[PDB]
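Undergrad: Here is how the chains run, residue by residue.
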Amino acid sequence: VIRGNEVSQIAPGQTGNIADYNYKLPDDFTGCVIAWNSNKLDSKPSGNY
Amino acid sequence: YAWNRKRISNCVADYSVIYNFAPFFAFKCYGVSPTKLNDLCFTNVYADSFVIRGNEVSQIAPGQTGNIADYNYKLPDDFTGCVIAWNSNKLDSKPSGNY
Amino acid sequence: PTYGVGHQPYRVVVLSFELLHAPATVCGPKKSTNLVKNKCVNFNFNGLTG
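Protein chains in written order, with the deposited numbering: chain A, 401 to 449; chain B, 351 to 449; chain C, 499 to 548.
These are computed hints drawn from the structure, not numbers from a lab.
Don't take each hint at face value.
[As the list claims (entries may be wrong)] Here are the computed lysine to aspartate or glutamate pairs in the EDC-like style, where the Cα-Cα straight-line distance is at most 20 Å:
| id | chain 1 | residue 1 | chain 2 | residue 2 |
| --- | --- | --- | --- | --- |
| 1 | B | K378 | A | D442 |
| 2 | B | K386 | A | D442 |
| 3 | B | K378 | B | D398 |
| 4 | A | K424 | C | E516 |
| 5 | B | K386 | A | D427 |
Looking at chain A on its own, in the form it has when it is part of the complex:
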């Protein structure tokens, strides 16, 4: 689960913050990337830490 600003970062040949330190896709990736919003279950009034 990541924020909505890094949906475009999940791509082969991509850099940034998540793609450079956390999760890097291979340059010959064969598969599918599935992302959807989870605002109902991954949100708290006091902050989800």
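Let chain A serve as the given structure and place chains B and C on it in line with the hints.
TA: Here is chains B and C on its own, set in the frame of chain A:
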């Protein structure tokens, strides 16, 4: 019709902090990649600011016609750079109407 | 929940398929047909036809 134009000159621009400043979907660039703006560097940077309707967000493109692009703000045919667009429902909406 | 729409959480599921010369250990629900030989026909072997 009277959109602001801000000239940015003689400083150092860090382009990685834009994502933590506004809640935008696509950091829409045309001739450059967003993550390689730190290594290469340009001559001058321009900054513009305006608010349009949701039906004319797709009109912010070179070689485009319509209402904004034909009478209000026409991008050049050889435009390069990044365009940032995010909604302002929680900041510029009024119950009687934002006129 | 009071943030903008560009800072909402997103559930990301990454699925990857192996496309190599290995035999198909796991794959989808398709029906197999009995094998005959010595005829100009069309075949289908592990996803590739001919």
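Undergrad: Are there hints from earlier that the structure breaks, and if so, what are their numbers?
TA: 1 and 2
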